[PDB]
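Visitor: Read off the chains here:
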Amino acid sequence: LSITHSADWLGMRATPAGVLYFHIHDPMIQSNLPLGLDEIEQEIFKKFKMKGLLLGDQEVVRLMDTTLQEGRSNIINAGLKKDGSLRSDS
Amino acid sequence: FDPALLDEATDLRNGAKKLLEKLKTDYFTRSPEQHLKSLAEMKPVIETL
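Here the protein sequences come in this chain order: A and B. Under full-length UniProt numbering, think of the first position of the first sequence as 988, with each following residue one higher. Under full-length UniProt numbering, think of the first position of the second sequence as 297, with each following residue one higher.
Be aware that one or more of the hints could be misleading.
To be verified - Label pairs and their in silico Cβ distance ranges:
hint	chain 1	residue 1	chain 2	residue 2	range
1	B	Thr325	A	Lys1034	19 to 27 Å
2	A	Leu988	B	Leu332	56 to 64 Å
3	A	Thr1054	B	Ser327	29 to 37 Å
4	A	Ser1077	B	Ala300	34 to 42 Å
5	A	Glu1057	B	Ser334	34 to 42 Å
6	A	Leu1042	B	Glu343	52 to 60 Å
No wet-lab data here; the hints were simulated from the structure. Every residue, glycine too, gets a C-beta built ideally from N, C-alpha and C.
Same shape as in the complex, but just chain A:
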């Protein structure tokens, strides 16, 4: 619906970027290693990585996670390798 009406609804025709689920909860961190406050905050953050489906593009993933330069993302279930291509586990 969002794509089919995209041109009419707000202005121009669009392209499916992805469908994402956001888990609403207050997670508990189960760590065997002692964590500083920043590291804890980071783990809590990681617990909110969105599952779903994406469109395989350097542009798409980078747009969804502008922090991601190389490796795995903590927001979207996708990653960028050193070569730059989308990694297969995405």
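Got chain A sorted already, so can you dock chain B onto it with the hints?
Guide: Quick look at chain B alone, frame taken from chain A:
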């Protein structure tokens, strides 16, 4: 050599590795002092329970 035996000995060695890592993550990711501090910290909650 013997590919079966060759690849089997490595399994045994990796077995030793996993055992050690398990021992480490179990008891030695925190100092004994840290462990005891955590334990002592939990005391008031137990008393409430």
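Visitor: Looking only at beta-carbon atoms, does the pair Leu1042 of chain A, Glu343 of chain B fall within the given range of 52 to 60 Å?
Guide: Since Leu1042 of chain A and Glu343 of chain B have Cβ atoms about 56 Å apart, the given range 52 to 60 Å holds.
Visitor: Is it true that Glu1057 of chain A and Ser334 of chain B lie within 34 to 42 Å of each other by Cβ?
Guide: Given about 36 Å between the Cβ atoms, the range holds.
Visitor: Is the distance from the Cβ of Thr1054 of chain A to the Cβ of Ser327 of chain B consistent with 29 to 37 Å?
Guide: 33 Å, holds
Visitor: Hint says 34 to 42 Å; check whether the CB-CB distance for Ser1077 of chain A and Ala300 of chain B agrees.
Guide: Between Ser1077 of chain A and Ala300 of chain B, where Cβ atoms are some 37 Å apart, the hint holds.
Visitor: Could one say that the CB atoms of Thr325 of chain B and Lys1034 of chain A fall in the range 19 to 27 Å?
Guide: The hint (19 to 27 Å, Cβ to Cβ) holds, given that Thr325 of chain B and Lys1034 of chain A are roughly 20 Å apart.
Visitor: Cβ-Cβ distance between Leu988 of chain A and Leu332 of chain B: within 56 to 64 Å?
Guide: Since the Cβ atoms of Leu988 of chain A and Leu332 of chain B sit about 59 Å apart, the hinted range of 56 to 64 Å holds.
In the structure shown, no violation is registered for any of the earlier numbered hints.
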